[PDB]
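Asks: So you can see what is in the structure, the chains are spelled out below.
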Amino acid sequence: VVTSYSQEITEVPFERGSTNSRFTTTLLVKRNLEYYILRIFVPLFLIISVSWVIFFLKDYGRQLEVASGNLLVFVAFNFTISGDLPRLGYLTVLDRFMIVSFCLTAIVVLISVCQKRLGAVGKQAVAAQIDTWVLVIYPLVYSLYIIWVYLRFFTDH
Amino acid sequence: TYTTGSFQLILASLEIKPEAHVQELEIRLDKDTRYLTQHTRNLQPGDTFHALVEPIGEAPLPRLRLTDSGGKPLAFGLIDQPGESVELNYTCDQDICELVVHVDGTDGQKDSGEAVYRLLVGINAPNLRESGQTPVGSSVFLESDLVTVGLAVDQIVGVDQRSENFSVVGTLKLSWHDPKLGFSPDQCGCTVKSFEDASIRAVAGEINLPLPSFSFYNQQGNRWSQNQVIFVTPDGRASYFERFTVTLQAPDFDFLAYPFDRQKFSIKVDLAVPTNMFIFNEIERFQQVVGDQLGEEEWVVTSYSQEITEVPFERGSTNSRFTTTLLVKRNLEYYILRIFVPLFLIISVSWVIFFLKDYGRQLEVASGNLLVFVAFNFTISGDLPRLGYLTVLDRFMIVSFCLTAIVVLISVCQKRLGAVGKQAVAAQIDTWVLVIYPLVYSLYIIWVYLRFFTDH
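Keeping their order, the protein sequence lines are chains A and E.
To get the deposited numbering, take the position in the first sequence, counting from 1, and add 482.
Taking the deposited numbering, I'd label the letters of the second sequence as residues 162 to 171, 194 to 639.
Isolated chain A (complex conformation):
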């Protein structure tokens, strides 16, 4: 969608000395943000929200199995959205967000394994402490990463 346009006339150097005229029409185009927000970001938010909410469970076997299933879900959706994501040779803020979210889901699977191990040992209190700690640091980490990428790519510093 064309946000704005500007037609303007300049002079630029020409072969064998001198200059020639140039007429430039610049179109300030923008992508459809609703498409990417609804198709990608809302399903991704729900996929990470289920991984966040599995920590309320104190049955760490079910927690671990749901965590592994949700990581598989994350991968399947990740590649379901593979046409809109373009095959450029470098990274992208969407790509960085997806990588970070995938890493956080891998970490939730790891933490679920560790918590099941601790519960099997007999240290249920520390497992509950880890549950309540992750329940508060996970959204904090996501928010900090969102702010950091906004600062890095959409403003100075």
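Treat the hints with caution; some may be incorrect.
[Claimed, not checked] Subject to a maximum C-alpha distance of 30 Å in a straight line, what follows is the list of computed DSSO-like cross-link-like pairs (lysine-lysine):
id	chain 1	residue 1	chain 2	residue 2
1	A	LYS605	E	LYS605
2	E	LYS512	E	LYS356
3	E	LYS512	E	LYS447
4	E	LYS293	E	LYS214
5	E	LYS363	E	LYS200
6	E	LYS376	E	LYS356
7	A	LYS540	E	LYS540
8	E	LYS200	E	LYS255
9	E	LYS255	E	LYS376
10	A	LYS540	E	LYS598
11	E	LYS255	E	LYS214
12	E	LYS356	E	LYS451
13	E	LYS214	E	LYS451
14	A	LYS605	E	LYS540
15	A	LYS605	E	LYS598
[Said to hold, decoys possible] With beta-carbon atoms standing in for the labels, derived distance ranges:
id	chain 1	residue 1	chain 2	residue 2	range
16	E	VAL524	A	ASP638	25 to 31 Å
17	A	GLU497	E	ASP278	38 to 44 Å
18	A	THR501	E	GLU467	18 to 24 Å
19	E	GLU481	A	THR501	31 to 37 Å
20	A	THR506	E	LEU219	55 to 61 Å
21	A	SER486	E	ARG406	32 to 38 Å
22	A	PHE635	E	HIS360	51 to 57 Å
23	A	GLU497	E	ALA440	41 to 47 Å
I should point out that these hints are in silico values taken from the structure, not numbers from a laboratory.
We treat Cβ as the ideally placed atom computed from N, Cα and C, and that holds for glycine.
Starting from the known structure of chain A, arrange chain E on it as the hints suggest.
Replies: Only chain E this time, still in chain A's reference frame:
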């Protein structure tokens, strides 16, 4: 400046002797060069030509001859009474006759090594040797025209890694000085003659004078040329400018170390005319070679090098070649973060499931994680290119998949052992794999680094 040209008027004489001048040449006879010829000027009637070759580092005594433009004999070579050196003399009888001097070891075909000979060639000069004032006079040999070439790359349009080619857009500039292209500005009333939308071959065809036509050596298909222009000045200065989008075939793509491979994009411009006519003399840095782009790029140019050589040409002799080599590298952050970190976490969960002593949950998580590995493996299937051979990334993925299959197998065996009643050996297997799995991964990483990124 003074001016030169051919005119008509609607004879007399000059002094008592025509201008006499001599030059020298060091000719090297090697395995790849056992014969040489050199062309000369018009040699107006009455002019005498003298030639004399001598050996410096040895006494091979290469034979000499003197022929016309077409090779018909005009003068032979007779050795002098004193040892070493030869003498050849010829006086012409017709106007505008070109002479070619031939040096050849036809009888001396024995090969031992490179040799150097000093050849003294003069016109109108009956001097026995060089004597003095050798460089004051004009050159007697026909000298190849000097052309300066400059290449710049605006951007790398694309790389096709399966057919091994790359499309690049840039600008090419040529500049030579052929006075035969000159004109008097009185007639046209302008200081520049312009040819547009036509290649050098076409303007050469419609002018019928030799011009330094070129070609992109590894070009595939039709090059897309624009702003194609040729400017000619009355003083003979001619310049060619072109902005080209060209797909060049690259037969030296080595994707064995992908995505850590570093490639060499070679843009070769070959002169279509032989070395005796035109040669790429120097390189014009009219603008930066790599150029500046806004935003990131799939291929980043580590370094560039423009260099001029001579390569063999069809029907004997050589032609000049101007090569621009770009040392391009992939974006390592993209492949490290998109592929290697998720893969590390996927293998790390399979590693960490061994702490569990509930082997049913261990087995189910192992199977689920193998499915996860497959799903991610094919999620990263666009960046991974469909080449017909293996790749260090492909080898790493195969090894990791095999290790996840092995962890599933070990989980099955451990559940079986626990069901039997041998829990102690199952715990021993747990603690053994917990230490050998990272060791195996590290050893494989070191091995592939040694195999593909260094010697042995």
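Asks: All hints are to be evaluated individually against the structure, with a verdict given for each.
Replies: Tested hints:
In summary, the hint linking A:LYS605 to E:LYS605 is supported, as the alpha carbons are separated by about 26 Å, within the 30 Å threshold. This hinted pair checks out: E:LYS512 and E:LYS356 have alpha carbons roughly 27 Å apart, not beyond 30 Å. Between the alpha carbons of E:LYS512 and E:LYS447 the distance comes to roughly 9 Å, so the proposed pair stays at or under 30 Å and holds. Taking the CA atoms of E:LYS293 and E:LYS214, the gap is about 10 Å. The hint holds against a cut of 30 Å.
Between E:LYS363 and E:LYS200 the alpha-carbon distance is near 28 Å, which keeps this suggested pair within the 30 Å criterion. Under the criterion of a C-alpha separation no larger than 30 Å, the hint pairing E:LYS376 with E:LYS356 is consistent with the structure, at around 17 Å. Under the criterion of a C-alpha separation no larger than 30 Å, the hint pairing A:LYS540 with E:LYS540 is consistent with the structure, at around 19 Å. Taken as a hint, the E:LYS200 and E:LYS255 pair is honoured in the structure, with Cα atoms around 29 Å apart against an allowance of 30 Å.
As the CA atoms of E:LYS255 and E:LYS376 are separated by approximately 39 Å, the hinted pair breaks the 30 Å bound. Note on A:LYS540 and E:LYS598: the hinted pairing holds, with a Cα-Cα distance of about 25 Å set against a maximum of 30 Å. Note on E:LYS255 and E:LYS214: the hinted pairing holds, with a Cα-Cα distance of about 27 Å set against a maximum of 30 Å. With a C-alpha separation of about 14 Å, the suggested pair E:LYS356 and E:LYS451 falls inside the 30 Å cut-off, and the hint holds.
For a cut-off of 30 Å, the pair hint linking E:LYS214 to E:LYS451 stands: about 27 Å separates their Cα positions. Restraint check: the Cα-Cα separation between A:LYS605 and E:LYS540 comes to about 15 Å, which is no more than 30 Å; the hinted pair holds. Of the pairs offered as hints, the one joining A:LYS605 and E:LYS598 holds, with about 24 Å between alpha carbons and a cut-off of 30 Å not exceeded. Between E:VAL524 and A:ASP638 the beta carbon distance is about 28 Å. The supplied range of 25 to 31 Å therefore holds.
Remark: the range hint 38 to 44 Å for A:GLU497 to E:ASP278 is upheld by a beta-carbon distance near 41 Å. Between A:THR501 and E:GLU467 the CB atoms are about 21 Å apart, so this pair conforms to the stated range of 18 to 24 Å. Hint check: E:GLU481 to A:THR501, Cβ distance near 34 Å, so the stated range 31 to 37 Å holds. For the pair A:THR506 and E:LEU219, the beta carbons lie near 57 Å from each other, so the given range of 55 to 61 Å is met.
Against the hinted window of 32 to 38 Å, the Cβ-Cβ separation of A:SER486 and E:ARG406 comes to about 37 Å, which satisfies the hint. Distance hint check for A:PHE635 and E:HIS360: the Cβ-Cβ separation is about 52 Å, which falls inside the suggested range of 51 to 57 Å. Taking 41 to 47 Å as the suggested C-beta distance range, the pair A:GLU497 and E:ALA440 conforms, at roughly 42 Å.
Checked against the numbered hints above, the structure violates only hint 9.
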